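Peer 1: Here the structure of chain A is known, so what remains is to put chain B with the ligands in place on it, guided by the hints.
There are 2 protein chains.
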Amino acid sequence: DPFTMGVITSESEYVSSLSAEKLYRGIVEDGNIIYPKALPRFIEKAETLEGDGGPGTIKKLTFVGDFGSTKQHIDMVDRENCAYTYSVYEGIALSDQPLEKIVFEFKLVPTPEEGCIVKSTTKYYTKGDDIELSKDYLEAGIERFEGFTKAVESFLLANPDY
Amino acid sequence: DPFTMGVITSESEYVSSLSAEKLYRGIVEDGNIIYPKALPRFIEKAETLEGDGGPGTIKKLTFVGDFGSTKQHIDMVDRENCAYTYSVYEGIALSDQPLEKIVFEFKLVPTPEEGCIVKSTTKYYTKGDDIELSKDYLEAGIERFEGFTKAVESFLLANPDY
Ligand SMILES: c1ccc(CNc2ncnc3[nH]cnc23)cc1
Ligand SMILES: c1ccc(CNc2ncnc3[nH]cnc23)cc1
Ligand code: NA
Ligand code: NA
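If you're matching them up, the sequences are chains A and B in order.
Going letter by letter, the first sequence gives residues 1 to 162 in our numbering.
Going letter by letter, the second sequence gives residues 1 to 162 in our numbering.
Chain A with its partners taken away, still in its complex shape:
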């Protein structure tokens, strides 16, 4: 009768033209104003429910439309190294596979040629005794996460006055 758990990691990278510090400040420090400006058709509202922005903080995205809302629980905030981690605990099941949580993580690494390399990771933690997860689902999470980051980067470039 063993105890079983899966951790499934997806990693994706891309090179941003925006500097690491600006991209970091935008998402992590000004998320509450920038998320709805950069994704005005998808994110209706980004707000803080508990805490000051550091580890332990609970933030909340409300989506435009009949897509609900979701809470982010903030795990690591590292300004010096432009690194951010949070967890979502609710509404994360697939129609077949329950999840204990999803963890989202980025590190922005400054490059000379450009702004920075954006390193994004998603980790799905599985509830239960077996595992079934499809390419499309695994890729959807990483693709959405990286998309939020991309939209915030386009916004800040088109609007340096932030």
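No lab work stands behind these hints: they were computed from the structure.
We treat Cβ as the ideally placed atom computed from N, Cα and C, and that holds for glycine.
Warning: the hint list may mix true and false statements.
Pairs of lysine-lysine, BS3-like flavour, derived with a Cα cap of 30 Å [unchecked claim]:
id	chain 1	residue 1	chain 2	residue 2
1	B	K22	A	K37
2	B	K101	B	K150
3	B	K60	A	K71
Chain B regions said to be covered by chain A (calculated; three or more residues, Cβ under 8 Å) [what the hints assert, rightly or not]:
id	region
4	40–46
5	92–99
Peer 2: Just chain B with the ligands, lined up with the frame of chain A:
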């Protein structure tokens, strides 16, 4: 002390290469298999909860990710004229403006040159005594609706074996 209600309509059109009857059959008759194939990163599951497919039927979309699920209540089904209408009643509020319902409507009109003209309409019905709705929200609904139709059309063209 009057009774006040707003009906806000958005209409959008585009020309499909796929014939009206194929596009209609795909969404309305085979939605349960085609929605998750055409939008495999967004729609996890499309299923019928009540009824046989005609007016009165309650269908349900489950979204990929922490985006919830939503029910469609089917109002008009017109195979002859390729016309379909349904309503969503739940989770439709904006952060400022409550809605009584959202109605979605398409008519596909066959053209000689191509497949058909896809006419899409969204109607937002407002709960309350005043009205505040922004360009971005109004456009998001119509854009999503028309997007579902576009994804189903690309799929059926790339896969005529359906
Ligand atoms: C699978 C898993 C996740 C997603 C998209 N959710 C998501 N992505 C990124 N950041 C978030 N904060 C709250 N929810 C999210 C899509 C598919
Ligand atoms: C505002 C209103 C609606 C949307 C997207 N919902 C939506 N669009 C189309 N068909 C549906 N069936 C169930 N929900 C929907 C986005 C913004
Ligand atoms: Na909403
Ligand atoms: Na889901």
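Peer 1: Hints first: check each against the structure and report whether it holds.
Peer 2: The hints, checked one at a time:
{"no.": "1", "hint": "B:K22 x A:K37", "result": "violated (38 Å)"}
{"no.": "2", "hint": "B:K101 x B:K150", "result": "holds (24 Å)"}
{"no.": "3", "hint": "B:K60 x A:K71", "result": "holds (24 Å)"}
{"no.": "4", "hint": "40–46", "result": "holds (count 5)"}
{"no.": "5", "hint": "92–99", "result": "holds (count 3)"}
The structure fails to meet hint 1 from the earlier list, while all remaining hints are met.
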